[PDB]
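This document opens with one chain alone, in C-alpha cells, the form solved without this ligand.
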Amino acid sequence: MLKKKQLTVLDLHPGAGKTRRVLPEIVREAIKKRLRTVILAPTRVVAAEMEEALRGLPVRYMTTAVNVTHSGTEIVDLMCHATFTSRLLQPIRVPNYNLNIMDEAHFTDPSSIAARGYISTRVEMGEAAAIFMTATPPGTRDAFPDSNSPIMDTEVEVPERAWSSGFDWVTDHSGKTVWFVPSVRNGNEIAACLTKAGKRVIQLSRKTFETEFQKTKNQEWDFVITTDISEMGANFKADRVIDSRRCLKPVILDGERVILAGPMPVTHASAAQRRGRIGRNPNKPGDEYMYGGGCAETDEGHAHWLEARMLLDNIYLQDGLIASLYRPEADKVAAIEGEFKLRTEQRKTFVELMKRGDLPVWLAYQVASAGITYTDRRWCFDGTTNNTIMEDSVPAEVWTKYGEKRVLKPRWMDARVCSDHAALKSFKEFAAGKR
C-alpha cells in the first residue's frame, strides 16, 4: 500500500479492526520506511481513541483532545479532517506528506470531501500514496454489510414525533438503543417523549458531540438520540439501533439561497454506518436493527459537494492547477473547477468567515465574493422581507454593534444559520458583531 502513486481503499466491514489493528501496523511500516505521514481523524473523540491504539508509537497529536508531551522527532502527524483542510487554506506551510491515511473516509462534511480531493489529486500526480479507511466508500449500494455477530434486521414504522400509542416495541425494550433522527429539533421531540415515559436519554449533535459523548461512558442511559454525526466512528455499548432512515439535505436554490430540504432518505453508506453501530461484539448475537424507510442517492445535488469545490478552488496545489474531487464522488455536483477561486484579500475574508465567523461555506463565499470585509455586518439586516429570520413565530431581533435594535434579515439566506436554537443564537451573536 505504502508504495508511492497508490491510493488504497481499506474497505473491511464495520468493526473489522481497521482502527485498533490495521492502522498501528501501517504506522509501524511508515515509520520503518521513513515516510512523512498524516493520520486524519473525523472528530476529536476518534483522535482520543486513536491515541489509545497507537500508544507507544512516535506520533505528533495536533489536537488539544490529547494531552501528550511530544519528543520533537515524530515523522507521523495526527489531526482532524477539518484541521487538515483549514491548514491548507491558511498561509501556513503544510508538509507534502508521502503517506496520507484518512480514517472514516466516508465523512460527507465539506472539509472531508475537500481533503479527499486534494489527497487523491496528489496521488494521481504521482506525488504521494494514500489509504482511505471506510467500510462504505463512495457509491456503495449495500445497506446490510457483514458484522462481527448476526444482526436481526426489521423494516418497521418508526415514530418521528411524540406518541401516545402504537409503538409499544420502542419503550418495552430493556436494553440500550441508539436512535438516528433526521434533525436536532426532531430529536428534541422524541427525547422529550421518551423522558416523560421514564427513560434516561442522551442527545448527540455536531455542536455538542465531544461533551455529550462522554455521558455515554460516565452514566447509565436507555436511549441515545443522535443526528448523522454518530455514523463517523462513534462507538456505543448498545444492543439496538432504531433508524428513521431519514436526513435533511442542504440545497442551493437558484444559486441565491440555501434551504434544508426533507427529511428525505439516507444513502446506502449512511444506512450501513447507522446499522454498523450494533452487531460489533461476536459474543453477543441478536442485536436489533429497526429501519423506518428505504435508501436513495440523496448526495446528488447536496450542497456539501459544491462547498467542497469552493474550498479546493482556494487551496494552492501547483501554479494555477486546482485539485479535483475524488473520482467516485466527483459527479455529485455540476461545477467548473476554478469558478470559486478568489483573489488574495477576498480569500482571507472567506477563511475568516468560516473559522472565526463559524458560517457555512456557501454563506462565507457569498459575503467574501461580494467584497465585504469580515467585521462589516450590514448584510445581516439589508435583505428582502422574505429573508426575515423567525424566532418563536415572531421576527428575530438583535442589537447591532451601533446600538440599534434591528430585525435579522440577511442579504443571503442559508437555513443552516437558524436550523435550531443553538444555531440561531450563534448567528444573532455574529450579526451583533460579538465575534
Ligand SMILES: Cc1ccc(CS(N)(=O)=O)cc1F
Given for the second form:
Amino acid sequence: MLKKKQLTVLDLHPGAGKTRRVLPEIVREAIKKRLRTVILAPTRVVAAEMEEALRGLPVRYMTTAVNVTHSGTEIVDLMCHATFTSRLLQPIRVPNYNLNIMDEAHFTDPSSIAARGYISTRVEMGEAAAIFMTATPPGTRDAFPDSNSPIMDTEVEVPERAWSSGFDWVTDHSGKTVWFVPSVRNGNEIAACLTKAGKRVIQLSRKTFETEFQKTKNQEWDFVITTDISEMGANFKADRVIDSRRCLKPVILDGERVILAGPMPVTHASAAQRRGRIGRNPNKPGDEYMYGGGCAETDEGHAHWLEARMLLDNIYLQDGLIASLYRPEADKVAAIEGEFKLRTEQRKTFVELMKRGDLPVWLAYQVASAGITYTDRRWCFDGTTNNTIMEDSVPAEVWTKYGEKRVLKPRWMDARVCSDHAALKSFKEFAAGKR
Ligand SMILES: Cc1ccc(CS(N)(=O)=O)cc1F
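Output the structure of the form solved in complex with this ligand; the preceding block shows the form solved without this ligand.
The next block holds the full complex; its first chain is the one shown before.
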C-alpha cells in the first residue's frame, strides 16, 4: 500500500476492523518507513475513538477533541476531513504528506469530497500514496454487504410522520433502535411521537453530534433518531436499524438558488452504511434492518460535488494546476475545473464566510465572487420578494447592525440557512452582524 503513486481502497465490510485492527498496523509500518502521514477522521467523535485504537503510537492529534500531551516528535498527524481542507484553503503550511489515510472515505460532505480530490490528484502526480478506508467506495451498488453476524433485512413501510396505529412493530420492540430520518424536522416529529408513547429518544444531527452522541453512552435510551451523519463511523450498542431510505438533496436551480429537494432515496453506499450500524457483534445474530424504500444514485447533481469543485478551485496545488475530483465521483457534477478560482482577496472572503460565517460553500461563493466583504451584510436584506425567509409562516425579521428592523430576504437563497430552527437562528445572527 505504502509505495508512492499508489491509491488503495480498503473496502473490508462494515465492522471488519478497518479502524481498530488495520489502521494501527498501517501507522506502525508508516512510522518504520519514516513516511510523514496524515490520518483523516470524518468527525471529532471518530478522532477520539482513533486515539484509543492508536494509543501509545506517536500520533499528533490536531484536534481539541483529544486530551493528550504530544512529544513534539510525531511524524503522523490526525485531523478531521474538514480541518484538512480548511488548512489547505488558508495561508497555513500543510505538509506534503507522503501517506494520506482517509477513514470513512465515503463521506459526501463537500470538504471530504475536496480532500479526496486533492489527495487522489497528488497520488496521480506521483507525489504521494493514499489509503481510502470504507466499506462503500464511490459507485458501490450493494446496499446489503457482509456483516460480523447475520442481519434480518425486511422491506417495510416506515413512518415519516407521527402515527396513531398501523406501525405496532416500531414500539413493540424491547431492544435499542437507530432510526435514520431524512431531516432534523422529520426526526423532531418522529421523536415527539415516540416520547409520547413512553420511549427514551436521543436526536443526532451534524450540529448536535458531539454533545448528543455522548448521551448514547451516558444514559439508557430506546431510540436514536439520526440524520445521515451517523453513516460516518458512529457506533451504537443497538439491535435494530429503522431506515426511511430517504435523504434531502441540495440542488442548485439555474445557477441562482439552492433548494433542499426530496426527501428522496439514499444511495446504495448510504443504505449499506445505515444498515451497517447493526450486525456488528459476531455473538449477537438476528439484528434487524427495517427499510422503507429503494436506493437511487441521488448523488448525481447533488450540490456537494459542485461545492467540492468550488473548494478545490481555491486550493494551491502547483502553479495554475487545479486538483480534479477523485475519478469515481468526478461525473456527479458538470463543472469546468478552475471556473470557481477566486483572486486572493475574494478567496480570503470566501474562506471567512465558511469558517467564521458558517455559510454553506455555495452561498459563501456567491457572496465572495460578488466582491462583497465578510462584514458587509446588506445582501441579507436586498433580494427578490420570493427570497423572503419565513419564520412561523410570516417573514423572518432581524435588527440589522444599524439598529433597523428588516425582513430577511437574502440576495442568494440557500435553503440550508433556514432548514430547521437552529439553522435559521444562526443565519439571523449572521444577517444581524453578530459574527
Ligand atoms: C496539536 C494541535 C491541536 C490543534 C490544532 C489546530 S487545527 N489543526 O485543529 O486547526 C493543531 C495542532 F497541531
